[PDB]
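Sharing a structure below in structure tokens format, with a few things to ask.
Note that one protein chain of the assembly has been removed; the remaining protein chains are unaltered in position.
Chain nomenclature is as follows: A, B, C, D and E, assigned in order of appearance, with residue numbering initiated at 1 for each chain independently.
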């Protein structure tokens, strides 16, 4: 069992692709418990052209989305192990979002850390909760539940 | 005015491409409610990655879309149609709560945003409501955001 | 097989972002006619330069959509719904004539494509029809296109 | 009213912007007469991602759009000469198009040359006709009427 | 083999894709010897939205990148002839860059031409040098050593 999971590994599990794959690396994975990953925030991202001009602030909902993706990594894997074939048939459905609070704006230069831990699961359904952090300080908090749907 | 088109939204809201997710405004009640909408089309960059071969408007972006409609209701409530101020402000998400996604939103759908204020208090606003495609609740959520100074 | 959604459209037409301008086929009748549409939203790249501070959907893209709708008509009319014969048949534009733009299309409009066959000769199709938004005609044209081999 | 114009000049005159500004240079111009300009076609254009994957073709409709923009340049400069403060207050709108023929496909590498003569003009409404040429060969034929409107 | 290649061919040999495929057509080619190709520069390129606003200047570094790809096409072609199947398995790593000189700026409407000659070469390593030219004039000269490393 490996510790870190790089972009190539991520591409092999999550179905998300540019410009919606918002997780760059996985520094810690504990099946069925807690995942710690991150996405680098640079100014060279199309999203900054509109949010907002002359004041780049990484969208709050995209922080949520990032945590949701970090969680999804937990789901797919825990549910099948690091297996790209069994993962290529799925996608991830967002079911609920709760108790999310944004505390510090994220901007170019910040290492957006996703700290999530499972809270409950079953089948393709999983509920995860946690925070997003920059340089150790909390930037956001959230709870969300998702399903690993079928491409069909 | 009770209806507004993209021209006005561009003058009021600080958001721009690719983060302005509201096209037209159909109802507005200062300090009360506002319904609006955003057309979803395949000709949008997000669909390149969400998800290849299976385009699905990101759930988080439906929420953003509802937050913007609120922001527009908020801004006009505090200053009226005022382009010179809007450029001095930005919107900032505070919290998001009890948001549920029920039917996926796809290219071809007229994504309606229905919101009503629940807590007005100053710059800080709080609204709740649903997103609807063809008279059907596709999502629901409550959110709070602050219209604060730019810098 | 009367209503076709974006999913079905990707499997028939070779066009992809940012040049697939048809979001859903609402009517289709072999070798005769097709009714489809594409939603116009602000979150489209084209709007960054046409025109800044005044989003106007390009008339030529409206023609492009009508042609693409017609191409869907050709493909299915000639081979029913076949996702692979289609992976080997681009859509080349031959002529356009009698086109007229009447009402500017903008973000928030549903652009409906109404086309009928004027003449079919193998893979050389001549069509004609209009472009409508919320009831009124917005553009009208006639065009010819060939569904040649992809190489 | 010089005869040759570079993108720098085109920007101040035409309201069109990326990714809808399809004229890089003006080779020749004669008030209310004719205009010759061109647009280089490269693979490095977003339009090519979808038209068509694995087979790059510059859309015919854009060739038409390009000629319309050339006429526009010509019309702007004819109506008011080289003037950026009046131009800033205008937009160009397509009125009609007729007798367009697409003879040869345009692809990355080709130098898309536009050729237009004025068929009729009165006020903001201008009518022009001509061809689009690559290496001398007539790639396409087109006729169109466009108007200059106040951005208001 | 050949000595004239278009974008369909280029695409079949080099792994670069949008927005980093900076070579449109190969006009001249001599195995092991030299190579001449070009890329059309047009305002309808994303890079101009920022380099620079209201003053389009094709990035100097991108001129260099264009010469390396041209060198890469030449290298690949020299090593295996025209072979898409085998090329399909390679990447092009940049090794060293030297004696890079920018003389004239490259702007929209220019025909950025690549002139490369093979200095040294052993395995999947080729040190080449040449110049970038627009209208016969040398807009830049440079040297580099790329790497044709297998793709995985």
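Criterion: a contact is a pair of C-beta atoms (placed from the backbone, for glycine too) under 8 Å apart; a residue touches a chain by one contact, two chains touch by 3 or more.
> Using the definition of touch stated at the top, determine which of E:12, E:49 or E:127 touches the missing chain.
E:49
> Hey, which chain E residues sit against the chain that's not shown?
So the residues of chain E touching the unseen chain are 15-21, 46-47, 49-53, 59-62, 64-65, 68, 91, 93-102, 142, 151-152.
> Provide the residue numbers of chain A that touch the chain removed from this figure.
Contact residues on chain A toward the absent chain are 6-8, 10-11, 18-19, 21-22, 24-25, 38-49, 54-56, 107-111.
As a working rule, only the chains that are shown with their structure count from here on.
> So how far apart, in whole Å, are chain B and chain E when each is placed at the average of its C-alpha atoms?
45
> In whole angstrom, what separates the CA-based centres of chain A and chain B?
The mean C-alpha positions of chain A and chain B differ by 23 Å.
> In angstrom, rounded to a whole number, how far apart do the mean CA points of chain A and chain E lie?
Chain centres of chain A and chain E, defined by C-alpha means, are spaced 37 Å apart.
> Can you pull out the residues of chain D that are in contact with at least two other chains?
18-19, 21, 46-47, 49, 54-55
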